[PDB]
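Engineer: Spelled out, the chains give:
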Amino acid sequence: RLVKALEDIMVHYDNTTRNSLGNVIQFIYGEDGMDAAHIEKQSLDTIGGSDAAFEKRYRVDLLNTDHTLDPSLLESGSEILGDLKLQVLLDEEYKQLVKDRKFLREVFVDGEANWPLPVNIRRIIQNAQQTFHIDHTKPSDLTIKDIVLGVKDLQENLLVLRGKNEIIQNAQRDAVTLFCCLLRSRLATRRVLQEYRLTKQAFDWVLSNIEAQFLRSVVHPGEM
Amino acid sequence: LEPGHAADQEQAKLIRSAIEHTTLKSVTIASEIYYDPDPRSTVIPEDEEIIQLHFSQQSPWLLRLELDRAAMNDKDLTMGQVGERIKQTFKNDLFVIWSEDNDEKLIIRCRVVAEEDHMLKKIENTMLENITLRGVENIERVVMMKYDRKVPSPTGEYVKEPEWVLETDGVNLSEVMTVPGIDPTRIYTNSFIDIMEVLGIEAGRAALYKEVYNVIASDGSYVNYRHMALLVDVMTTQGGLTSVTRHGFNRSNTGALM
Amino acid sequence: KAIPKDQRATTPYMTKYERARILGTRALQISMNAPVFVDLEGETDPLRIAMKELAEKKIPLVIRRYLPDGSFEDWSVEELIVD
Amino acid sequence: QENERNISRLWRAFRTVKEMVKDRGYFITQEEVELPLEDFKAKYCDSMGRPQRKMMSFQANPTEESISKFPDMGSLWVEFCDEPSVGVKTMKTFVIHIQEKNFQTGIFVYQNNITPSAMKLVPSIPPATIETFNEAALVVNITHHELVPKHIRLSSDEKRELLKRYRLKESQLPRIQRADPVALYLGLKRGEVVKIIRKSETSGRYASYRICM
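Chains as they are written, first to last, in PDB author numbering: chain A, 840 to 1063; chain B, 1120 to 1175, 1187 to 1243, 1254 to 1398; chain C, 72 to 154; chain D, 3 to 215.
Keep in mind the hints are simulated off the structure, nothing from the lab.
The beta-carbon is built from N, C-alpha and C at its ideal position, and this holds for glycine as well.
Be careful, since some hints might not be right.
[Stated by the list, open to error] Over 12 Å on every C-beta distance to chain A, these chain B residues come out as not near it, computed from the model:
#1 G1123
#2 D1155
#3 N1222
[What the hints assert, rightly or not] Example chain A residues on the side facing chain D (calculated, C-beta under 10 Å, incomplete):
#4 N903
#5 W954
#6 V1015
#7 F1018
#8 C1019
This is chain A alone, in the form it adopts within the complex:
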């Protein structure tokens, strides 16, 4: 019975999910356009934890020393201290994360943190680390602008839908909401500098992969 009921639903070439008559069943497949086989359980790192821990993990302030960043993480950290053009960004970033932590606790009301998502990011971190032989105990060529812009830019490329009007540009807004939340938590600058210590060269490789993999996870129109 199940097969004869959902026998003709098919993912169409606009990511709707319509049956033989053409009625929309869902407006993107599975509400994110992702292919089931490309999903993996990963952990949203902003949902959980005490806020103190959340503060400790993501907060970065240059001008003041409550959560300051030790320069020896990166080359230009010395002359960074107390900047202000950038000390703006960090908040704007850290603002975003706070919104996410707020948002996710609305989505997952029981603070559940491990959820199946497309591209596995940890694994993309490693492959970068090992491919480039990440010399810890050694500062990094990355500059706060490249990180924060890098993440913020990348999101514009994760295209599930690529129409050009207003309606479509908001579906696309949504399809990648939760995924971006993940991607932001993983790639916050504190992590990138302190924890992964990626070089300039490593980063864009991490970025350019996440784009390549993500785009491969989209469901293929024509799929029954």
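For this one, chain A is given, so just place chains B, C and D on it according to the hints.
Structural biologist: Frame of chain A; chains B, C and D shown alone:
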């Protein structure tokens, strides 16, 4: 329960009593019909000690019946309500006196204003089952259980945290949804048909997903979300639930050869 | 019908069904002695020749992708991206 | 005691209606929806201890931007009746009172039932519209429940747009029923499209559309 009144057994007990359906025939031991002719004096010894006791027209057939304490003291009750319940039930044509809650034989007796002993007999039937002491319909055996509930802490991390939760046999969603003291938002039912009627289709869909996911996951399996959501969406795109049967989908207009 | 080339909105990648059907027909054609737009460096299996052309973007076909309403965009395999 | 109950109940049912209309777009001051119980009877119940529904009734107008969205939107009269059953003559007044003052639409709470006489009285005066609400239904605002997601009515302009972005005929949309409770709580009419926005465990936020068949 109400959001503040989480894990206060007492407050829970009051609600459980507030909705659990209680008919008379669940508290009473047995009903007797006499012919004690004088309205005032009663051949039964005790009834006199209460006849004047509240006398300080009516038929000669005493109808008297007897309740357990522990029954009447489980979902505990006061005959003061119970009487007025009867009083409010028919009329004030059926005079009623009842024993005191202190009294060691929980006693209610009544009288009336061809032969009635059949109509008298009729009366107790009604009294037996047609009379609800309290509760709502269809709601029996309101178990009261404890549940942990991960909630955030004031430090902002999640902590398990318990609460009382009245499970229930039988369903009457709309009625129970208003009974004060409960949290009328987060109330559930495994009969998603009723959710669809009371909260409309979109909730009916989300409840439906909930029920399928229980069936699947109950035995430990795990199906990716999109497969279940896709099904649950097919069942609710006409508004209202469509069964996966000859009647449901095979009655759409999807081409005869299909 | 015929969405204009500047308004094509569907994905710029090759769905795996497009890739499978392309290599089918292309191989089928080759197996009918259709001319071959690549140097068969020793290859003799029509499917393997087809996988070679496709890797050189030398298959002269084009994919007509029907939208659910009835209209369609046209992509030429030479311009679609393969994974 | 019993009166107290039917105060609190009638208290809440009131609050719902004020929310329901506020959601429907009209202007309701925020903190007037939250009018506590005591000031309620201290405003609406007689001193003797009874509720004067017949003056609880009230009127409200489209917020200034709803006109910017639905300009044809007009004012609306909310009314409670007191006789537990409602006969024609009571409704006879309503259908004209709505007509005379000529609001866009009028909502008729009641308490126990409506005599099928006045039941036919309703579909009487277009372009007005008459909605009845057994106040039992209103004691709980169902849209606050968790499983109910935010529904949002769509200006016939947006509708005309969405059908074009997806290339849809109206019949190809997911449906809703005008009898559906949430449809009632906003008073849709056939051919209106609500946009449903729910939380989605796979993409955070997701937006769906049902047309009110």
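Engineer: Taking the hints in turn, state whether each one holds.
Structural biologist: Each hint, compared with the structure:
In this structure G1123 of chain B is separated from chain A by more than 12 Å, as the shortest Cβ-Cβ distance comes to about 18 Å. Here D1155 of chain B stays apart from chain A, with its beta-carbon at least about 64 Å from theirs, past the 12 Å limit. The Cβ of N1222 of chain B lies farther than 12 Å from every Cβ of chain A, with a closest approach of about 53 Å, so its non-interface assignment holds. Checking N903 of chain A against chain D: minimum C-beta separation of about 33 Å lies over 10 Å; hint violated.
For the restraint placing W954 of chain A at the interface with chain D, the shortest Cβ-Cβ distance is roughly 7 Å, inside the 10 Å limit, so the hint holds. Evaluation of the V1015 of chain A hint against chain D yields a held restraint, the C-beta minimum of about 7 Å falling below 10 Å. Taking 10 Å as the C-beta cut-off, the interface hint given for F1018 of chain A holds, the closest approach to chain D being about 7 Å. Interface restraint check for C1019 of chain A: the shortest CB-CB distance to chain D comes to about 8 Å, inside 10 Å, so the restraint holds.
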